[PDB]
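Just one chain is shown here, as structure tokens, and it is the form solved without meso-erythritol.
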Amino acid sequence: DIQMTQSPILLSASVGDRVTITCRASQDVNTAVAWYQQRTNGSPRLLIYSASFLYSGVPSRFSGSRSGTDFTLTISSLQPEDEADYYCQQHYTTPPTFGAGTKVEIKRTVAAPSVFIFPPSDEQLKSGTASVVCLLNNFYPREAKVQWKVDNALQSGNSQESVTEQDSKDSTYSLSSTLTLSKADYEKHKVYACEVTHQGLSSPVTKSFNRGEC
């Protein structure tokens, strides 16, 4: 079989930059290489076929080239909606094989998050579980530290984080941290706080509530 080795694994660049990602075939594949884009939870989209030909409807800022077994995809002026995974694929021999993918992320100015907190709903509390949600909205860069404190006791092992895909227009992220407790534990304590550390904030931000407060 033929191996396709893509690099880098992750590339981050500013809007308007020229970016170049590569794909190396383990043996001769002639020009039988295509490039696909995959983003926003969608299906792969054909960009380039036969190494260098632009598929109909694909913006002209995408181009491909070949040098021996080395293949390149270049975006000449990176746009926010170009954040995506990019895959190369050879069809020279069966099985057709894919590269493992290169992720392109957009670099932009720092933006501190808006920090909000949601107590468990009274509906959920009627069951035996309490979910407390901390929301970090529309921030950059992705790195952020979110710590839970219950009655000032640092929590460990009882929260999970989820982060959105980089926004198609403003290139920000949003993040949720969900603390999960039994109803019995939730009704045992009073102060629920998430503390957010982020490059855009001049010092950490704590959002909190008291159980039972309106």
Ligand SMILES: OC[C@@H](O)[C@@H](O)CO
Second form
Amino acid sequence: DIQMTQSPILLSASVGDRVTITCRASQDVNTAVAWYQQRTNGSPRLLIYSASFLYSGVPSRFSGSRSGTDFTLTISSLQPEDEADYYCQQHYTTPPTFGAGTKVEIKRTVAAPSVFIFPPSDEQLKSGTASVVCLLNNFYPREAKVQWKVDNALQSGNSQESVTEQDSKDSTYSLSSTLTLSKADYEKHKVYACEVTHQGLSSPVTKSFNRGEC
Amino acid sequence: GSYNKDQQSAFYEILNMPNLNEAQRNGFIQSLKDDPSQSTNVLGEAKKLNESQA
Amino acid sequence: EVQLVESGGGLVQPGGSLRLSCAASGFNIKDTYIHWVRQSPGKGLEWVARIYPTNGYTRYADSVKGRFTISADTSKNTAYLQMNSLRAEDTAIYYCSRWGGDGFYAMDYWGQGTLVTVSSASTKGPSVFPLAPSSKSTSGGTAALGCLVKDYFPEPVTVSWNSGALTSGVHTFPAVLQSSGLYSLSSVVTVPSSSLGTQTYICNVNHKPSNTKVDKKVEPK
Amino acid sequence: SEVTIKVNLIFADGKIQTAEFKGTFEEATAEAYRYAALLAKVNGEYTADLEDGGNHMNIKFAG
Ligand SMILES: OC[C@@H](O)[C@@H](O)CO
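What would the structure be for the form deposited with meso-erythritol bound, rather than the form solved without meso-erythritol?
Then the entire complex follows, led off by the chain already shown.
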């Protein structure tokens, strides 16, 4: 079989920058290499086929080139909606094989998150579990630290995070942290607090509520 | 209560009808609040009454 | 317009069987190759199989040979993937694609993909809870509200707001596997503070694997 | 073990990109230098300054 080695794994660049990502075949594949883009939970989109030909309808800022077994994809003026995973694929021999992918991220100015918190709903509290949600909205960079305190006791092992795909227009992230407790334990304590540390904040932000408050 | 953009539109139509008197206008608006499932029917009767009073 | 639509994906036990379909329109599969390509959650693309429907020539990835078979019915302009002896690692979105169409030696059209989950766990519909807007979810004159879609299996769930009419300011988070082995996610939306109480906000949640359809109205507490 | 080499790409006009290379330390190293050589063809001769035991590089292109 032929393997396709993609590099770098991750590349981060500003809007308007020229970016180049690479794909190396383990042996001669002539020009039989295509590039695909995949983003926003969609299917792969063909960009370039036969190493250097632009597929119909693909923006002209995309181009591909070949030098021996080295293939490059270049985006000449990076747009926010270009944030994606990019895959190369050879069809010179069967099995056709894919590179492992390069993720392109957009670099932009720092933005502190809007921090919000949601107590468990009365509906959920009818049964046996309580979910507390901390929301960090529309921030950059992605790195953020979120810690939970219950009656000022640091929590560990009982929260999970999820992060959205980089926004197609403003290149920000959003993040949820969800604290899960038994209804019994939730009712035993008073103060529920989400503490957020982020580069855009001059010091950590605590968002909190007392159980039972309006 | 709150309303979706459809209920808002029915409200807006009846509010703007020029030939209804205010008892009729508010009666029909009250019906829209009463039973959202009847919005289309209520609007149709409001239009008929508005037209008949031209 | 060329189009491919996969169907058939679902939850199956290890050792079990599933059949996927790939319905083509806007071109004839007799004129192209048809491929299956899969993608494990959060991973890369992996070729599975191909067929040339005009003469029935087929090829397979070593990892599925003997367990999966690809076929086509040109009279229905549809291709198929029979999947037997399934294993946990076969869990993936399965795409079909065409190759060689209009003389293009690449996969220029792909389906939307169909999810196959190989697991001994049972189907479970989600509970949908409001994330009510409050004094603790507002700043700068805008307010966040949402829905917590909790404890379902398998993936996927879809969430829309106001039947798709509301899209701006929506963040639907990737699902996360809980320690219980069930998924959960939240979907939130930011709206003008002044709209709370006058504009109706409903999250439309669909979990097809359990035939769960819920429309949850979210209002201030 | 699998390691990540983090790289700052510093172009002559002051533009900065960042990249990550993953694999064994020796694979990731080789790939970072290969990528620098490739970019140098368009962006000018490169210099690579290593930090943190070689796990971070500052790669500047001459223009
Ligand atoms: O969503 C895919 C679109 O952004 C690209 O084809 C252009 O980058």
